[PDB]
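Visitor: For reference, the chains in residue letters:
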Amino acid sequence: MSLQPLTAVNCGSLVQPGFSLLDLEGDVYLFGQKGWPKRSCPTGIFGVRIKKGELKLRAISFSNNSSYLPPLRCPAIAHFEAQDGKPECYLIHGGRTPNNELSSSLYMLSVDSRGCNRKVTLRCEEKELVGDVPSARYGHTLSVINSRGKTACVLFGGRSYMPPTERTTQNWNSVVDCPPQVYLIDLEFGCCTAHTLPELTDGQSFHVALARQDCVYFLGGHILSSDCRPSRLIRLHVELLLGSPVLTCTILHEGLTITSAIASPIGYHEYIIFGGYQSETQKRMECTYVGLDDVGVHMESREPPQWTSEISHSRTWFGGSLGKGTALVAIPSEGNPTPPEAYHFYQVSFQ
Amino acid sequence: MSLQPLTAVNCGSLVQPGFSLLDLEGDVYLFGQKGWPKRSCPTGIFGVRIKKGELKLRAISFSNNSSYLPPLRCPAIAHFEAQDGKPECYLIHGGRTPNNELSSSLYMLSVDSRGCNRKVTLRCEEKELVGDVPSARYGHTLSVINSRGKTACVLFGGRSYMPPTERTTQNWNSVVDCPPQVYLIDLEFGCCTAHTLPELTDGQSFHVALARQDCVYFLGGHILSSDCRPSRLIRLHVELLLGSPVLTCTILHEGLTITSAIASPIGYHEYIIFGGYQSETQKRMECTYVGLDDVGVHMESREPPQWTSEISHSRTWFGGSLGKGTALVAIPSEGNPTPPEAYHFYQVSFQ
Amino acid sequence: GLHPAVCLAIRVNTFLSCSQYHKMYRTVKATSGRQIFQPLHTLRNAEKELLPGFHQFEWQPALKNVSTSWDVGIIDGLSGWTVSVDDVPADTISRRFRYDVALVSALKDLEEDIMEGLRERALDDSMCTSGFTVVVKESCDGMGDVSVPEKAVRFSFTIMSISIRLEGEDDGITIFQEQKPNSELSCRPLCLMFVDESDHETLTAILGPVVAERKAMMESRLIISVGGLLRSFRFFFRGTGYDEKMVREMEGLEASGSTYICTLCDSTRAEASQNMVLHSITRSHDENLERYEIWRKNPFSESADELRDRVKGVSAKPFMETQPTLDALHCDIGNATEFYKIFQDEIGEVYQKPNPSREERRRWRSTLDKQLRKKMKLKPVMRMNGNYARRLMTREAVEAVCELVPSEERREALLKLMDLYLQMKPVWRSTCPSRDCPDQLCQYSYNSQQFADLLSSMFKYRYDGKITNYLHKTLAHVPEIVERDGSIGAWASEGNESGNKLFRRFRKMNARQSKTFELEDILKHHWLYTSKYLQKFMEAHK
Amino acid sequence: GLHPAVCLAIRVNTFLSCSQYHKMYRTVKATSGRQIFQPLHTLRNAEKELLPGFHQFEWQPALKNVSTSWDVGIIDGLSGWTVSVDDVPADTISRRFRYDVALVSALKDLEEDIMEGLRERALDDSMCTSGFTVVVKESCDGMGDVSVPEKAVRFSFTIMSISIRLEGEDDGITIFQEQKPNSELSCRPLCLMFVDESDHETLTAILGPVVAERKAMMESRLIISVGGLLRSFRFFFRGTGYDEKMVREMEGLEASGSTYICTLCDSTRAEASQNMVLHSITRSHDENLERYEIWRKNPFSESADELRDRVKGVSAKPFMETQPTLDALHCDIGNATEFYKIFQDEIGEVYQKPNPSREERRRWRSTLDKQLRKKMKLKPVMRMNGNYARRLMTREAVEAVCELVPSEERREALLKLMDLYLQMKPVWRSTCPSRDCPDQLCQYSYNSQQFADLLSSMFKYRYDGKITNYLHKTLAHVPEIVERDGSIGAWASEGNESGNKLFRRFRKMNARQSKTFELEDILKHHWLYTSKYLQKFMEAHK
DNA sequence: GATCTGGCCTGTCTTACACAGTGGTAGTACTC
DNA sequence: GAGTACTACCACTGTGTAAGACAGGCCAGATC
DNA sequence: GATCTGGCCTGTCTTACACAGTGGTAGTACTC
DNA sequence: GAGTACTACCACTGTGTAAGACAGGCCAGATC
Ligand SMILES: [Ca+2]
Ligand SMILES: [Ca+2]
Ligand SMILES: [Ca+2]
Ligand SMILES: [Ca+2]
Ligand SMILES: [Zn+2]
Ligand SMILES: [Zn+2]
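Residue numbers (PDB author numbering), protein chains in the order written: chain D, 1 to 351; chain B, 1 to 351; chain C, 480 to 626, 635 to 1029; chain A, 480 to 626, 635 to 1029.
The set of hints was computed from the structure by calculation and includes no laboratory data. A virtual CB, placed ideally from N, CA and C, is assigned to each residue, including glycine. Treat each hint with caution, since some may be false.
As the list claims (entries may be wrong) - Below, simulated DMTMM-like cross-link-like pairs (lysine to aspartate or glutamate); rule was C-alpha separation at most 20 Å, straight line:
(1) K324/D - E270/D
(2) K804/A - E126/B
(3) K804/C - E793/C
(4) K38/D - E654/C
(5) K56/B - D27/B
(6) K127/B - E789/A
(7) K56/D - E81/D
(8) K784/C - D112/D
(9) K38/D - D796/C
(10) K702/C - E166/D
(11) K1029/A - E684/A
(12) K732/C - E899/C
(13) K38/B - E684/A
(14) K667/A - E1026/A
(15) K947/A - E896/A
(16) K638/C - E341/D
(17) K38/B - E688/A
(18) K638/C - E334/D
(19) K732/A - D686/A
What the hints assert, rightly or not - Distance ranges between label pairs, derived from CB positions:
(20) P483/A - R721/C: 51 to 59 Å
(21) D796/C - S349/D: 41 to 49 Å
(22) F1004/A - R850/C: 29 to 37 Å
(23) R118/B - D951/A: 32 to 40 Å
(24) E126/D - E774/C: 16 to 24 Å
(25) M299/D - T338/B: 53 to 61 Å
(26) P540/C - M299/D: 54 to 62 Å
(27) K52/D - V562/C: 33 to 41 Å
(28) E774/C - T250/D: 48 to 56 Å
(29) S511/C - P164/B: 50 to 58 Å
(30) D686/C - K52/D: 26 to 34 Å
(31) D796/C - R148/D: 48 to 56 Å
Please model the entire structure based on the sequences and the hints provided.
Guide: Structure (structure tokens):
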């Protein structure tokens, strides 16, 4: 639990508040960026190298059978874990394009080959969805669950634009929460099912959802109809029965009033929540350890590091987990002239 | 001949284009600062310390019997050399006040006592003038001569303001050359005599005058009536017969078209001319050795150091001799914002 | 006594505050009063006939996802950006008119001129109220240094021509056409933002509604009470007031010294040194869409570079239909900065000394600028502007430069070059070439042919594999563009960029000054500044 | 029809360029014409009656080293600086009129009001043409941020009062006195420079002629054709529009937190904490001259410090006579920044905690500014300006601050303090105290007595040896100054600093823009801007 | 090797420096 | 009697400086 | 220990960005 | 016939940048 300020040496114009960090095979990959892909990097995915307090970025390449891939802005991000057939993927759906559309396609992003000279190639299979498909949305969440012993993928939450009939050119950037249904995406085949829940009365967005071995705990979101931040916690339990996936749910008594968090994983099924925002003006400044078992979730305050004055007086902030209890955080920077390095960076670490 | 750029660490604002360097007892003293004397230094005279490529300034103090002393701007400066009674003075007359008046008083500036802790005290005796006094002027010159075996002091050249009857408030900053007389100042008593010369047909200013053992060689001045820079070197030969100091003069064939030079002494009677300006647009960039004997003056180009681009593209420049073949030169500096260090400094050295 | 409209225009057109104008009004009113000027509050009431949001109109069929209110004025440009803190922030300050309302405003302002266009063509007016066709030039540009620059983007449009196709058996009777299409005084602002050109994220967030509405207007017909009668208009949009940088940014091309150089062709950069003149127009907005889908899905499983070359440089999703054309002004500036460089490299000799230093390049620039100052009386410029480019592409500046190059075939060569250039510049600078320089229009292919071939011959040391983009366009594409559309220079960005000059004046003397209001004020004052109706009060028979 | 003078003033007073005014002239002339406004060249011809260099005058006896030409206009201020390269450079850009010409201009402009004052006091007019006395307030200040600041100095004067002493058995019949002496519109510029206040070398080179002329005019009498008759004027100059930094710089004193604090007394800083109220005025320009003589010759051969003390802080040679007085506005700003600090050190506790940190001071500043924002709705300021200082010295801002200091003895103490201050502020802020607030003028000694003694008692922790200069002046010197010179606030430099605001305007919109000309233009427009004759055309019976 | 001292430094205090001038709103003179 | 015009209300940038005197702290450094 | 190679660097090339708009002067339309 | 007004002449700031593609150079560094 120490934070040390890094400095990003060259290339800092290629990072924007909503971005994604993917931990693939020990190597960390930044995903999503400001702009369309420049031709310095016609793929749009970058490799992150931390060294000596420096953040360096390397241009990753694709394979020949891979589909190219727009830079989604706040997409939903699923660590598909190493199993049959091909480990060990990373589902992306669907986020927001660099031209502000909303994505209505699912991408499976895996590792493919190495080396030669510490070169890695990834690949993207655009996975086609037949349903009952979910609507284009963002800030929602995707998780993977195993039941006897088939594997499926649950998708819930998020914001979207108003329906195309009521969407107006004075409503155009207005958002509303999407209807509170859950989606079971099986990933081969591409069959989606939508399930409605008596307990899930209203949609939410920018929440964290943690799954383990067929139970999913949805922690504190942000509800936009009532602009309340519920502190309750939802636990839903699925089981994939031939061939209708029955799905039960419960409201648990107390969870956590956060939004837009950083969940670094440290243990087997144990994470640490680095904090987005508690109230509309006041960002959550304390760290929280969240272990979860089959009794349920357990939860303890750890004491946070000494936030610098700079990361304490910022208005907004964001970042994400380099994994294994380490994360990257970012602060907008104010200077005249513009630095033009737009964001100061810190590296946080557990123990 | 080497030039090495210095940097003046602190107290950058206390130097202005026309200033004087007096070499007293091995220590060098800057004299004539911008402004009236601040209370950092209520005397107005500074000690120069060169070390480590740094220029440092130290506040000198006076004695109790000393007169205080306005910061003259382009005064005429005479190294009175060590003899009877009290060595080894420095005559100043008269320069231009910080409030732009012209000085009509003569100051004798000597060393007085040391230490304790590398502390030196100077003194100023305001010397009263009885004559035939010279008029307030500046840019003129003063030299010391010895004849059988009495010591007197010859004063010649310079600019002044137009006479007080034709001086108009649209002529106020206009200058004209004062009449080309020479003044014999004996230094006790304060007896001044004026002498007119058939060969000295027009006054001149900003020239260098070099004396040795009752002969004085005036090198290239600037004449402001005809806006020419004569290259004719003047040589005048005095002798103090009581009661009338008879005084002869010759025009010598060729001297040197310079103005406002830096004459460092290196030898017994040998100097080096570091150059002011050749023509109104084009500063003299080459150095010149000037040895002088009793046959006359001899004169040879040495090759100059490699002037940096910075000291080559300046419009104006000034400076003065730190003595013993070493001198200080100054260049106005251009930047945005203002540095506010107004002048870049170099140290020049012979051999 | 003066009409309140006239004095409104006096106050807008001479750059006066409310409080300055009032000081003068009370002053001229107590000496010799008899009131001459109107008071302020009756100009505030006088103008509401001229701002957008005043006349009643309606569309048939209704507009797709556009509201039916017809009286909306100045909105803020965020367009309902929900301002939660967890989403991307709503930092932008932007203001705008709702596009169609400002359209109907500009038409009701040209109602005098459409009516007298009708009477002058001796066409009847109770009939022919159904088939009018307006051609609208849209135009957008970023703008720096409005004291960080806090740059500004300023999306405007201009009504170019209005013709009539009713009732049948014909194709169109032009009724109005713009005599001075490159003036400020005909470039009407629609939307302002404090945005950088480059961050495609904010520009698309603010401009998303606008393009949606444009896309919504291409099907319906407008219905306006014009001349007492309800009449039907339809619209054709020609997006041409974009400098090239922006056309590439908004057509999914890569910018801008790419391997794909033309906006209109598929030729690579080196391939457009060999063949300088033989290229057909191929690119279209809807094919950029199809090729971007080639890029996303990769249906043949090719590598990065085989894909890039399969798709001829469409790696971004096109986001705005743009007319595939050129910009007269920026063509001028490119050719002038090219010729300035060629002269600089010919004073020093670089066909003998094939690789020169940077410091001899500086020597040669300084001597060129001194020479051009001694004769031709020009000063040096930080950056090429329009006046310099016009003065630089003269016979006698070349002739005063040729006195420094020694070999008189390089001399007679580049004199042949410049005079060729002058023999073909008016075809792309003309407001209408087919009428105002027709022989140059037909001699264009031959003239450009010899220009290309003389570059191939006597400059091969420079143009072996690299050409500037404008030179490419000017040599391979001009005849076909001007045959398809009718004119060049008529569609330039000049009027828009020229309007930025005005934008600067308003920001100083008419600021609120606050961000929440500064655009609402610049926007109102700029819109008055352009209405024809107040410009006729301005000329008043001269 | 309008008179050409009136419209000239319309064009100066509303900030219009020639080409803007012309656009409006031509516009209002082709709608509804009948010409209303005059054209430009007839205004260019109309003003030369109003600029300096038009009326014929003469001095008796002739002016010492001042030329006899009476028709000289705008000169450049270098005054014939021979531009050799070996002398100190002639870098300065400066412009100016010629002092006496602008004087005679300002009197021929007040011709109407001198005559009407003559008729209104029922004094005859062909008699009494010899005994006039004018009192002239001159005034100088530096000025920054005219986009390095490229600071500006702006030496101006104002005609305060004109009275009559002819023919004998009397002292003087005031005929005019300035009703609004602190306004801009009565502050006539005389000389402008691009100079810093601080470098005494350029300021004395440009201002040397000016002081020579002032020194030359105190002996002679002026002779002017006013109301048909030649009449004789005498002048008394009162140099009072100098802030304190400038007075010290210009009187040879050391600046400004010295050991010698007062400009009017000899008391040391520590000695002006023990005795706060008992000091007589001693310093004069001529005594500064003879004390500087003491300093330079050192006739008793004493040390540095013993000599400085012998001469009471005169170490520089005085170069300009200055009236020994104070500046009402800057006194306000000093006392407001003092009370702002005192509040800051009472919210936090200091008389308990005798040494606090800077970061506690910062906490206290933030809380004070928040408190003054909650009630009193003020924002915080970088620097104290006149409006803030005026609003800050109110009963109810103290009252809203006292809600944060806990002990109701400190509370009632500083309430007694503030109300004392308000009981004595009007004697030094008044344009004429002896008529407008006479009982405070009588009660001033007593009121200030108790103010000093309450500071002695309840603030000893702050004012043990350190006091601010204005507090000293306001506590020890006000009764004697206002008894000798009749009034305070009437002579402040506020009106001058207020005209710096105008200077800024003209630089932005009436610039050449070039240095050789920019001053000739600011200077012409500022001089027009002030002449009374165009201001009556401005009010015209309101 | 001890002094100490003259000189550098650091902080603190005091004196000036930017922030008007422009839309819109509305009470209010004030009057057809 | 209201309706006009005028004039005074409010929002608001930006929320630090730039030189200098003097107290005091103190330390190079050189002598004693 | 040799390769070599993927990646960092450096320079070069290309595409935009500021520079109007204001006084005075004078020819010149142009007209009482 | 000239004398008016209008409109077009001139002087002039300031004399660099800001991102990005691509060629080429080349080197860390890691494997072979
Ligand atoms: Ca542009
Ligand atoms: Ca001031
Ligand atoms: Ca001041
Ligand atoms: Ca552009
Ligand atoms: Zn092409
Ligand atoms: Zn006093």
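Visitor: If a hint holds in the structure, say so; if it doesn't, say that too.
Guide: Structure-based check of all given hints:
no., hint, result
1, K324/D - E270/D, "holds, 10 Å"
2, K804/A - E126/B, "holds, 17 Å"
3, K804/C - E793/C, "holds, 19 Å"
4, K38/D - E654/C, "violated, 51 Å"
5, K56/B - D27/B, "holds, 13 Å"
6, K127/B - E789/A, "holds, 18 Å"
7, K56/D - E81/D, "violated, 27 Å"
8, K784/C - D112/D, "holds, 18 Å"
9, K38/D - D796/C, "holds, 16 Å"
10, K702/C - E166/D, "holds, 17 Å"
11, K1029/A - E684/A, "violated, 40 Å"
12, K732/C - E899/C, "violated, 35 Å"
13, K38/B - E684/A, "holds, 15 Å"
14, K667/A - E1026/A, "holds, 15 Å"
15, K947/A - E896/A, "holds, 15 Å"
16, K638/C - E341/D, "holds, 18 Å"
17, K38/B - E688/A, "holds, 14 Å"
18, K638/C - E334/D, "holds, 17 Å"
19, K732/A - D686/A, "holds, 13 Å"
20, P483/A - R721/C: 51 to 59 Å, "holds, 56 Å"
21, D796/C - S349/D: 41 to 49 Å, "holds, 45 Å"
22, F1004/A - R850/C: 29 to 37 Å, "holds, 35 Å"
23, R118/B - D951/A: 32 to 40 Å, "holds, 37 Å"
24, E126/D - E774/C: 16 to 24 Å, "holds, 21 Å"
25, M299/D - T338/B: 53 to 61 Å, "holds, 60 Å"
26, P540/C - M299/D: 54 to 62 Å, "holds, 58 Å"
27, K52/D - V562/C: 33 to 41 Å, "holds, 40 Å"
28, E774/C - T250/D: 48 to 56 Å, "holds, 54 Å"
29, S511/C - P164/B: 50 to 58 Å, "holds, 56 Å"
30, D686/C - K52/D: 26 to 34 Å, "holds, 31 Å"
31, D796/C - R148/D: 48 to 56 Å, "holds, 49 Å"
Violated hints for the displayed structure, listed by number in ascending order: 4, 7, 11 and 12.
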